[PDB]
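The chain contents come next:
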Amino acid sequence: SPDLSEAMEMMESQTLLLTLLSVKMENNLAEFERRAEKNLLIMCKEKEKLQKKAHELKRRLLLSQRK
Amino acid sequence: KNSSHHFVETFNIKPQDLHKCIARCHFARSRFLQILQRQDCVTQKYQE
Amino acid sequence: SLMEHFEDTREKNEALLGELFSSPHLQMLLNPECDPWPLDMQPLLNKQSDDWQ
Amino acid sequence: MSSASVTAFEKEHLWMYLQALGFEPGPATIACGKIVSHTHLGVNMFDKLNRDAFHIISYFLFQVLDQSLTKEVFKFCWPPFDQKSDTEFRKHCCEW
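Protein chains in written order, with PDB author numbering: chain A, 139 to 205; chain B, 145 to 192; chain C, 159 to 211; chain D, 1 to 96.
Simulated from the structure, these hints should not be mistaken for laboratory data. Check before you lean on any hint, since a few could be wrong.
Unchecked claim - In silico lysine-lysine, DSBU-like type, Cα no more than 35 Å apart, as pairs:
1. 189/B x 205/A
2. 75/D x 145/B
3. 162/A x 145/B
4. 162/A x 170/C
5. 91/D x 185/A
6. 170/C x 191/A
7. 176/A x 189/B
8. 170/C x 189/B
9. 91/D x 162/A
10. 187/A x 170/C
11. 164/B x 183/A
12. 71/D x 145/B
13. 189/B x 187/A
14. 196/A x 145/B
What the hints assert, rightly or not - From chain A, some residues computed to sit far from chain D (all C-beta separations above 10 Å):
15. 142
16. 148
17. 151
18. 162
19. 184
20. 187
21. 195
22. 200
23. 204
24. 205
Even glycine gets a Cβ: it sits at the ideal position worked out from N, Cα and C.
Construct the complete structure from the given sequences, taking the supplied hints into account.
Here it is as structure tokens:
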């Protein structure tokens with residue numbers, strides 16, 4: 139069996155692995171959320187435009203109808 | 145970025161205490177699992 | 159005991175780190191993609207792709 | 001067998017670190033301009049006196065560490081192949 143000190147750097151290696159994983163997933167989550175927020179707000183804007191012209195189409199249809 | 149940069153004076157010291165090392169490793173594992181499940185939940189939220 | 163808990167924690171942690179890096183699917187993990195969209199929607203993005211910053 | 005366990009841990013988790021730091025074999029060998037079919041990519045890359053793989057991983061970690069220093073000093077002096085070039089690389093490694 140290994141001694142206590144070698145186990146100390148064993149657990150330190152595991153902690154450094156977990157910290158490196160956490161930092162790189164943090165950076166990946168940051169770029170992911172930037173891209174996701176930008177794209178989702180762009181499609182929400184075109185959603186708003188589509189429903190605006192769609193509402194124009196409904197009001198034109200109902201207007202001409204009850205004429 | 146979000147965390148303080150004060151960990152460098154923690155990791156440069158030769159590890160001596162078993163309880164501290166076990167607690168710190170368990171905390172790091174909990175942090176990894178926590179960010180893993182949060183990234184998962186963000187992924188399915190984005191998908192739906 | 160603390161010795162048994164330490165050894166079991168070491169064994170379960172080395173098993174975990176062994177199973178994480180034994181798959182070729184981590185390129186999605188390291189690069190979280192943003193493409194659930196179909197093929198007829200990207201030109202709507204490209205029409206105003208420079209009007210958001 | 002403690003030293004064997006130590007060096008096995010070192011080899012396996014050097015591979016773990018390399019995978020965790022953004023490594024990819026094929027195009028890296030293409031950038032090195034060396035063949036893949038006569039190369040043992042994976043965990044046992046350094047089964048022999050492996051020079052070119054050590055060169056590639058060293059340049060990779062150095063450009064991760066400081067890209068500005070990399071394209072300052074290895075911009076005009078990237079001596080990667082011959083024996084005198086290897087000696088210059090070893091001298092720079094020793095200084096750093």
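Which constraints among the numbered hints does this structure fail? Numbers only, ascending.
Those not satisfied are hints 1, 5, 6, 10, 11, 14, 16, 17, 18.
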